[PDB]
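Protein chains: 2
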Amino acid sequence: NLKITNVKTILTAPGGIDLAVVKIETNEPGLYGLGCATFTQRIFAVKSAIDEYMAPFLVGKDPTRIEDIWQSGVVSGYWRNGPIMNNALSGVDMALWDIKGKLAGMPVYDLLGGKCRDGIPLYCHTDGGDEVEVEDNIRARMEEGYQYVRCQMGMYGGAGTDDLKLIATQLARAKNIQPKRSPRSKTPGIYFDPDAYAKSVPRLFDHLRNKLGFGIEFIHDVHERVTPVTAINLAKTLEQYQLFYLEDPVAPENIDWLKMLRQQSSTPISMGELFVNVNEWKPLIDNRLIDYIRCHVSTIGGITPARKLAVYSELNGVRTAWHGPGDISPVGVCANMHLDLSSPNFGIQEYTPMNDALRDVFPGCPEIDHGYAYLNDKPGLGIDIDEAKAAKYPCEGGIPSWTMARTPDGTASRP
Amino acid sequence: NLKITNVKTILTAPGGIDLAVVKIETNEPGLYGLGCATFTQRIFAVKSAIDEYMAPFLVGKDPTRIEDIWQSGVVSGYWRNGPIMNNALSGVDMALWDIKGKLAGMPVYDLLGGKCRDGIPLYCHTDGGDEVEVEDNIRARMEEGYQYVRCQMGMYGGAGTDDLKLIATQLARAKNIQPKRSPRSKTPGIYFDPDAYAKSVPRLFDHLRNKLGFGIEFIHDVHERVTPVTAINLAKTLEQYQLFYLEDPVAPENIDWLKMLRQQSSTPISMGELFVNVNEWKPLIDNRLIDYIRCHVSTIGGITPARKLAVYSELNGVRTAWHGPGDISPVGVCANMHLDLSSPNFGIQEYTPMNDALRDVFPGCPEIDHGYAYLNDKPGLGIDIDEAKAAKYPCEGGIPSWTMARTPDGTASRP
Ligand SMILES: [Cl-]
Ligand SMILES: [Mg+2]
Ligand SMILES: [Mg+2]
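Protein sequences, first through last, are from chains B and A.
In the entry's author numbering, each residue's number is its place in the first sequence (first place is 1) plus 4.
In the entry's author numbering, each residue's number is its place in the second sequence (first place is 1) plus 4.
No wet-lab data here; the hints were simulated from the structure.
Please note that a few of the clues may not be correct.
[What the hints assert, rightly or not] Stretches of chain B that chain A covers, calculated by requiring three or more beta carbons in the stretch to come under 8 Å of a beta carbon on chain A: (1) 17 to 24; (2) 195 to 203; (3) 400 to 408.
[Claimed, not checked] Taking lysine-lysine pairs in the BS3-like style, the calculated list, with each CA pair at most 27 Å apart, reads: (4) A:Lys184 to B:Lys286; (5) A:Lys184 to B:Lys263; (6) B:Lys190 to A:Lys184; (7) A:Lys263 to B:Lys312; (8) B:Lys190 to B:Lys215; (9) B:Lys263 to A:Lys263; (10) A:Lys65 to A:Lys286; (11) A:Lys184 to A:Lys203.
[As the list claims (entries may be wrong)] Simulated coverage check for chain B against chain A, where a stretch passes if three residues somewhere in it have a Cβ under 8 Å from a Cβ of chain A: (12) 41 to 50; (13) 86 to 94; (14) 229 to 241; (15) 307 to 320; (16) 335 to 346.
Even for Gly, the Cβ is constructed at its ideal location relative to N, Cα and C.
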């Protein structure tokens, strides 16, 4: 007669980025589950969604009924399909998977069908103010054993970032990108020039291919920064550089434009870190408009819907590339990886390296060894949280600044 | 030098249903705006989204720049397109429209282009345990001057409701619908039989058209309760009864099925009270798969996005029917109606009659006279809130019961 007894939210920032973790307790002594609910920009609203709504929904129920709980949970507020709602559901769903693995004495990847590969290949982020600094940073990552890298010159749209809420790191604006002149007064924002950015990208990859060759795999993230036809043209101009993928050429609001892109370009495309709705990803995958699906697993509602998405992708020849930024807890990192190891159609795993504090707060972080991640074989997600240590890193709260992105004339843009 | 000085949430339940209202104060003495943020099932998370995120985003800004504030606010948390996020934005957006009207000395409908009609026709809800009870209820509403009515026998799926969080009224289960026998043990939920429900609807309308004739307009709400092909067959069998519309024959997750429905049936269709994402409504409107769009204005982000939706619908010959349940504040009722008065493609206004406490807490409620609503000509939304009186009706909070809908075998179903 196993029952959920308690559900709680833990808010912690050991890597300098606000995280939300759900812990689900049961009436079996010592048996609990952990899940990721990290929507970093709205952590307090996520906490409210869990504590005020998911907790009374769950206490008393048999945690082994993961699918029933997910299906009933998703419709429990009637309205649904949003990032706050989905993250609250995810924390619950991953915790239940964690509990199921612990009961079975099996890692989640074994519950899901077992290992389809011997390690998880990773990509990491490289940046710089000019092409030489990017090149230097790639060399350093290659020395560490990375065989795949994302290359940005000036973060997103060439703008860099001063906002530590984004990745806990300041990144330089592109040094030599010359923006258009703005009007005589400016509304506050982080200014960028989408056209100057777009033209800089082929020049960057020309330099990088010249210096580093074609063995190393390259990723570039457009991050919805340009008009769709500009993104199409960029995809075409980048064909010669043979990117592993070109990421987020359009906003989710503009997914129809991928119909045109895919008639003209053979540069591999990834989309979807922003997706929260089946009506965003289903038309893309059904029509083969992408080669990699990029969802943030917690933001689509956890392991249960991510595995459905992985299967839907697999049957259409689309591969997975789950979102792996700084704004994901080590629990969510483990969840991505259990999916990765058990999916036939795994593509790549984006990885943001952790500091000592994250490894200390979350015992059981995956082993990173020469560009591959190696999950432990402990039951469930193989991850724990030290609640006392978590409390040493309280969340900063507040609002980000980087999301106020303005084009030269002052237009508020999708960031 | 006009600036926003304070943004706050008011939670009140004068009609027995939890409401969320946003009040935006400015540095001009006595000038403020009110907006609806009512997502009733998640009011505390909406409150968190406003108080922790919208408030610091807005203080100091010029409230006259409604579009800039909307466009920048919607992407401020990066992830977007969800019911909690959108309601927080709506509260702000409607309050800014209210402020703009007050500054202009004109109602919002006048800022939007003026009256397109002389009054707003309404439909109200009628229910009953059997056909004769529904008939009697319709007669009573026709005597009050309603010329359009929604007709349900047992609320949604024939199940009725005992949950006061839904519409603050207990409604009888359909008396004569015989469900399939369930398994020998049952998981808790509100049980219904989709097939017994579906067969009962044509029988209801056969009775109602015989007794009441064809002058009176009838609406029926399927409320996502049946399989898509069952919905298609229902639409076909109801053609002879000439419904004003058949509402929500499919879930948002199943919108593709409307392609098949519209090849076979000429029953008018409405969809969309559940919509939160452009990728849900845009394919429907682009392909003329519905005749009326049903969005809950606050849940799509306020007046700014609702006006865009109304225009997009107008150009495709689709008409508006904004959601008008019990779970919308009188501020939201006013916002619906200002859109209604100024839209060339207005279709109908669903209306849930208010009690004395709602009228007392919210001075300026629209005048209801013989089946039409008559907005006052006061500036902005023409509505106010008495905060001291609102405080006499604290919110109940908690989670609803009705959203746990199960079919005879125990399957958790979209409610
Ligand atoms: Cl949301
Ligand atoms: Mg990205
Ligand atoms: Mg409805």
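Legend entry - Hints the structure fails to honour: When the structure is compared with the hints, numbers 1, 2, 4, 5, 6, 8, 10, 14, 15 and 16 turn out to be violated.
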